[PDB]
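Incomplete set of chains, arranged as in the complex.
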Amino acid sequence: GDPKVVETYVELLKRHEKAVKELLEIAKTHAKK
Amino acid sequence: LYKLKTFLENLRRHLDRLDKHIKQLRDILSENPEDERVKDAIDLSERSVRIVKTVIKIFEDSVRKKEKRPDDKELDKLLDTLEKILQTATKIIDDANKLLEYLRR
(Lines give C-alpha, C1' and ligand atoms only; values in the text may rest on other atoms or scores of the structure.)
Protein backbone atom coordinates (compact mmCIF):
# COMPACT_ATOMS: atom_id res chain seq x y z
CA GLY A 1 0.00 0.00 0.00
CA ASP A 2 0.92 3.65 -0.50
CA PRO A 3 3.37 4.37 2.35
CA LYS A 4 1.52 7.59 3.19
CA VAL A 5 -1.26 5.36 4.53
CA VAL A 6 1.26 3.13 6.31
CA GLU A 7 3.06 6.08 7.92
CA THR A 8 -0.23 7.53 9.13
CA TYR A 9 -1.10 4.09 10.54
CA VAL A 10 2.22 3.89 12.39
CA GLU A 11 1.62 7.40 13.70
CA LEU A 12 -1.71 6.18 15.07
CA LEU A 13 0.09 3.30 16.78
CA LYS A 14 2.53 5.78 18.33
CA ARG A 15 -0.29 8.02 19.55
CA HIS A 16 -1.73 4.87 21.12
CA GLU A 17 1.56 4.03 22.84
CA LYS A 18 1.70 7.56 24.25
CA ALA A 19 -1.89 7.48 25.52
CA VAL A 20 -1.31 4.11 27.19
CA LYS A 21 1.89 5.45 28.77
CA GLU A 22 -0.24 8.25 30.20
CA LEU A 23 -2.65 5.61 31.52
CA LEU A 24 0.28 3.78 33.11
CA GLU A 25 1.81 6.83 34.77
CA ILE A 26 -1.63 7.60 36.17
CA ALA A 27 -2.11 4.01 37.34
CA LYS A 28 1.28 3.84 39.05
CA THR A 29 1.06 7.26 40.70
CA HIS A 30 -2.53 6.58 41.82
CA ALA A 31 -1.47 3.23 43.27
CA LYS A 32 1.12 5.24 45.19
CA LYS A 33 -1.61 7.74 46.10
CA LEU B 1 -16.44 0.11 43.29
CA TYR B 2 -18.84 -0.30 40.36
CA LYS B 3 -16.85 2.33 38.45
CA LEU B 4 -13.51 0.60 39.07
CA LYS B 5 -14.92 -2.71 37.82
CA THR B 6 -16.57 -1.06 34.81
CA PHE B 7 -13.38 0.75 33.82
CA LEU B 8 -11.22 -2.34 34.28
CA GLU B 9 -13.70 -4.33 32.18
CA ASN B 10 -13.44 -1.63 29.51
CA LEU B 11 -9.66 -2.03 29.69
CA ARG B 12 -9.95 -5.77 29.11
CA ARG B 13 -12.40 -5.36 26.21
CA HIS B 14 -9.82 -3.00 24.71
CA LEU B 15 -7.09 -5.58 25.30
CA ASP B 16 -9.11 -8.22 23.43
CA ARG B 17 -9.57 -5.74 20.58
CA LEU B 18 -5.79 -5.29 20.51
CA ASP B 19 -5.24 -9.06 20.51
CA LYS B 20 -7.46 -9.44 17.45
CA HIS B 21 -5.55 -6.57 15.85
CA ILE B 22 -2.23 -8.29 16.52
CA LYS B 23 -3.44 -11.67 15.24
CA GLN B 24 -4.25 -9.75 12.04
CA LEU B 25 -0.84 -8.07 11.98
CA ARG B 26 0.58 -11.56 12.53
CA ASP B 27 -1.10 -12.88 9.39
CA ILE B 28 -0.13 -9.82 7.32
CA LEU B 29 3.48 -9.66 8.54
CA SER B 30 3.88 -13.41 8.09
CA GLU B 31 2.96 -12.84 4.46
CA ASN B 32 5.55 -10.02 4.09
CA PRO B 33 8.56 -10.34 6.41
CA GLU B 34 9.97 -8.06 3.74
CA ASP B 35 8.69 -4.98 5.61
CA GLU B 36 10.50 -3.84 8.74
CA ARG B 37 7.74 -1.26 9.28
CA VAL B 38 5.43 -4.23 9.76
CA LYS B 39 8.09 -5.35 12.22
CA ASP B 40 7.62 -1.99 13.94
CA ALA B 41 3.82 -2.15 13.94
CA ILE B 42 4.05 -5.61 15.51
CA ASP B 43 6.56 -4.43 18.11
CA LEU B 44 4.57 -1.30 19.01
CA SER B 45 1.34 -3.27 19.35
CA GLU B 46 3.14 -5.80 21.56
CA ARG B 47 4.53 -3.00 23.73
CA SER B 48 0.97 -1.69 24.08
CA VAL B 49 -0.21 -5.18 25.03
CA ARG B 50 2.45 -5.49 27.75
CA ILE B 51 1.65 -2.03 29.12
CA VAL B 52 -2.10 -2.71 29.20
CA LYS B 53 -1.39 -6.01 30.97
CA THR B 54 0.70 -4.14 33.55
CA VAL B 55 -2.05 -1.54 34.06
CA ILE B 56 -4.69 -4.27 34.36
CA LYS B 57 -2.61 -5.96 37.06
CA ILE B 58 -1.97 -2.62 38.80
CA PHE B 59 -5.69 -1.96 38.98
CA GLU B 60 -6.28 -5.59 39.96
CA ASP B 61 -3.98 -4.88 42.92
CA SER B 62 -5.81 -1.63 43.67
CA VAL B 63 -9.27 -3.16 43.21
CA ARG B 64 -8.78 -6.15 45.50
CA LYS B 65 -6.99 -4.00 48.09
CA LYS B 66 -9.97 -1.61 48.01
CA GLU B 67 -12.31 -4.58 48.36
CA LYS B 68 -10.34 -5.21 51.56
CA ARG B 69 -11.83 -2.01 53.04
CA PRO B 70 -15.13 -0.07 53.48
CA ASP B 71 -9.81 11.57 49.36
CA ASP B 72 -12.18 9.57 47.16
CA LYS B 73 -12.90 12.54 44.90
CA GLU B 74 -9.33 12.49 43.57
CA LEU B 75 -9.77 8.82 42.67
CA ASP B 76 -13.07 9.69 40.99
CA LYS B 77 -11.51 12.49 38.93
CA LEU B 78 -8.72 10.07 38.02
CA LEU B 79 -11.50 7.70 36.93
CA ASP B 80 -12.95 10.41 34.68
CA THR B 81 -9.48 11.07 33.28
CA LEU B 82 -8.63 7.41 32.67
CA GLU B 83 -12.02 6.97 31.00
CA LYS B 84 -11.32 9.92 28.68
CA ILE B 85 -7.86 8.54 27.86
CA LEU B 86 -9.41 5.12 27.21
CA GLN B 87 -11.92 6.76 24.87
CA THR B 88 -9.09 8.41 22.95
CA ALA B 89 -7.31 5.06 22.78
CA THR B 90 -10.32 3.19 21.40
CA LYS B 91 -10.89 5.93 18.82
CA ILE B 92 -7.26 5.57 17.73
CA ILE B 93 -7.58 1.78 17.56
CA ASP B 94 -10.72 1.90 15.43
CA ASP B 95 -9.04 4.32 13.02
CA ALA B 96 -6.02 2.02 12.93
CA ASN B 97 -8.22 -0.99 12.20
CA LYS B 98 -9.93 0.84 9.33
CA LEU B 99 -6.59 1.73 7.78
CA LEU B 100 -5.44 -1.85 8.28
CA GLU B 101 -8.54 -3.14 6.49
CA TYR B 102 -7.86 -0.75 3.61
CA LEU B 103 -4.28 -2.06 3.52
CA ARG B 104 -5.07 -5.79 3.69
CA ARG B 105 -7.92 -5.61 1.16
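Labels A and B are assigned to the chains in the order they are written; within every chain, residues are numbered from 1.
Please note the rule applied: a contact is a pair of C-beta atoms (placed from the backbone, for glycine too) under 8 Å apart; a residue touches a chain by one contact, two chains touch by 3 or more.
In this entry, the protein chain formula for the full complex is A x2, B x2.
The working rule: only the chains that are shown with their structure count from here on.
Chain A and chain B have CA centres that are 9 Å apart.
Across the complex, chain A is touched by residues 37, 40-41, 44-45, 47-48, 51-52, 54-55, 58-59, 61-62, 74-75, 78, 81-82, 85-86, 88-89, 92-93, 95-96, 99-100, 102-103 of chain B.
By the touch rule above, chain A contacts chain B in their complex via residues 1, 3, 5-6, 8-10, 12-17, 19-24, 26-28, 30-31, 33.
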